[PDB]
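Asks: Guided by the hints, dock chains C, D, F, B and A with the ligands onto chain E, whose structure is given.
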Amino acid sequence: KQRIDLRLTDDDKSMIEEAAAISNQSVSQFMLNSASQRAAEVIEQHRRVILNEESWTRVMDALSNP
Amino acid sequence: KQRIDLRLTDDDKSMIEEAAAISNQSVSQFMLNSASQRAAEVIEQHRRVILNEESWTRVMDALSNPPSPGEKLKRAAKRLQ
Amino acid sequence: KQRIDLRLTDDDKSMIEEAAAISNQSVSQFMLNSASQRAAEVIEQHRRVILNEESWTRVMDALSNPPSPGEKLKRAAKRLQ
Amino acid sequence: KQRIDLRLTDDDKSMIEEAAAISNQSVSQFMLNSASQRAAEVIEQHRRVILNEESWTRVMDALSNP
Amino acid sequence: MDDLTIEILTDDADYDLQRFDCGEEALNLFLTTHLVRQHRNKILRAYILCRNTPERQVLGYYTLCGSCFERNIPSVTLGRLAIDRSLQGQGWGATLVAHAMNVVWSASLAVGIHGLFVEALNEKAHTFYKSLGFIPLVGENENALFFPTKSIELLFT
Amino acid sequence: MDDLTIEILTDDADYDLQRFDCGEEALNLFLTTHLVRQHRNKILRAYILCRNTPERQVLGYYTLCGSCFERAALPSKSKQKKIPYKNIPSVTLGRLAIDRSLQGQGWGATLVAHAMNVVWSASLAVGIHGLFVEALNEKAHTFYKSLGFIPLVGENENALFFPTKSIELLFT
Ligand SMILES: CC(=O)SCCNC(=O)CCNC(=O)[C@H](O)C(C)(C)COP(=O)(O)OP(=O)(O)OC[C@H]1O[C@@H](n2cnc3c(N)ncnc32)[C@H](O)[C@@H]1OP(=O)(O)O
Ligand SMILES: CC(=O)SCCNC(=O)CCNC(=O)[C@H](O)C(C)(C)COP(=O)(O)OP(=O)(O)OC[C@H]1O[C@@H](n2cnc3c(N)ncnc32)[C@H](O)[C@@H]1OP(=O)(O)O
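Read top to bottom, the protein sequences are chains E, C, D, F, B and A.
For the first sequence, the residue numbers in the authors' numbering are 6 to 71.
For the second sequence, the residue numbers in the authors' numbering are 6 to 86.
For the third sequence, the residue numbers in the authors' numbering are 6 to 86.
For the fourth sequence, the residue numbers in the authors' numbering are 6 to 71.
For the fifth sequence, the residue numbers in the authors' numbering are 1 to 71, 87 to 172.
For the sixth sequence, the residue numbers in the authors' numbering are 1 to 172.
For reference, chain E alone in the conformation it holds in the complex:
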């Protein structure tokens, strides 16, 4: 539906084509699933860090006073 420009170095692309051939996918499928599952990891870790800071601010408001 959308578009993106990605520039590589002939070492990125040969390696990505090799790892696509390994996992039985296209280079498009491989790069898309790579970026996608990595985005899943990244959003999850950001969310966990946000929960850590939420609990932190809770306990810092408790130790100040009611």
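There's no promise every hint is true.
Label pairs and their computed distance ranges (CB to CB) [said to hold, decoys possible]: (1) 37/A / 59/C: 33 to 39 Å; (2) 53/D / 41/B: 17 to 23 Å; (3) 137/A / 50/E: 38 to 44 Å.
Hints in this document: simulated from the structure, not taken from any laboratory.
Yeah, the Cβ is synthetic: ideal placement off N, Cα and C, and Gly gets one too.
Replies: Chains C, D, F, B and A with the ligands alone, transformed into the frame defined by chain E:
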């Protein structure tokens, strides 16, 4: 040096923009770095053969005192000569 | 907003540029993300108390059989009131 | 000695200024050491991938029409 | 002085921070060059023992911060706690530990808190904390102690 | 079949593929598209057993890659020292297949001898400890075990080993 054009669904694009802003990279930087790192580790995972306790034991035993080739294998070796 | 002027030797800068190039980032962005991730990581590592076997055991025993407040601390908590 | 300037966001600096006080450093030395440690990381991992590709090329060239 | 009290640092930065001296250049320097900023960057909450003077002559302090124990499980740490040389030997460090315990306890009613770790620099501070109830830890943690929240609660009954 | 040869795949991809049938379509569909793609990507080294004619119809193939093996977790290594060894090199024979025409004529064992031959000549050029082969079913397993290969058991079952020392021996 090169170029790849990725046509991307809109939900996945919103998600990748979210994650690329979480790491303060661009969408391009995020996508390419993810591709490269996952490629490296997929290849590393293909090439290696992790042997458990007993498989490792028998591979070591085969390396120290290697067997003698059977008569079938030796006939096969003599054929292609 | 704010700005930090930094002094590195020629070789420090060469190593930073090489590593930032492997990341497909700019030198500035690489240094920024390195400092940011390492500062958040230092902050996390700080507030975590990694106990060993026996210290873990002792905190578990204090949570199981907590002591009765001693004479000194009792007189202190009274001195409060 | 070379000079490199970097722009923060008043919250980021706080974090750095926080961490610099914990690991017993200055903001200058802390940012520099963070970037240099990460530089060593990135560079040694890239050398690992280059060496794996080199060994791969040796063994695969040896397996081809020897 | 029958008129000294303990308070949260009121973010005035309006305290006599320099005539303080407790015996250790480390804690003196921490109070004078960090404590205000680390209180303002929310890494710690700092409580001051001073008197109702024009400028609230600093005579003691302690700091509290949230922590976890591992090897997330929540707790608090009393990192630093110092008191001027003139007030020493008179159960004022015990009073400030009791006040910090009371703060931790009134926190444990709003947030889950399993206990209070405490940082002890020399064997002086280790004996001192050990004398108020704290459990001496071992190994890499020999310079830390712990007091369960349940004991802090039994205190105030 | 007077004139069979076994050549490395000449990258031009000019052979005759779809007119091949080994009796199980996983290897067949591997040769169909996967073999040339993965050979030219250098994930494998594809050897073709074919006829020495201009038409060059395929009757068999095998695939040789490099590999490296490692143990689960080395226990109790404080005896004297520990110099780690994490990239232990080896050769892996990915898949092998003969056409249904030539089944039962020793041709799998001769393809194995040719693969071990290439492995040996590589062992003179680089460091190779041994040869792993994969066996997807009972029959490939028995085939490989009857040629000297040692079976591995437990989450390594479909994998057999033959040390390069015995390969050196096979060519005395
Ligand atoms: C990094 C850290 O957080 S470590 C922090 C510790 N600080 C330092 O090391 C800096 C130097 N010292 C200080 O600043 C601090 O004031 C302390 C808190 C370490 C100093 O101790 P103080 O608080 O002055 O002494 P303390 O509060 O224990 O009061 C002295 C009491 O010990 C009691 N005590 C109990 N047993 C004994 C004994 N066997 N012998 C003598 N006194 C005793 C006494 O009764 C006395 O006063 P009391 O009559 O009111 O009970
Ligand atoms: C993915 C993997 O790596 S697994 C690959 C295996 N592939 C498959 O299983 C798919 C199906 N089959 C195939 O594709 C393959 O052609 C093989 C390679 C599995 C087929 O096996 P073949 O090549 O026919 O076996 P082989 O090469 O041993 O030929 C039969 C020989 O066995 C020999 N043999 C040895 N012992 C005996 C015995 N006790 N009785 C009968 N024959 C015997 C025969 O002598 C005969 O050849 P010869 O008369 O010329 O000496």
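Asks: Find the hints from earlier in the document that the structure breaks and name them by number, from lowest to highest.
Replies: Violated hints: none; all satisfied.
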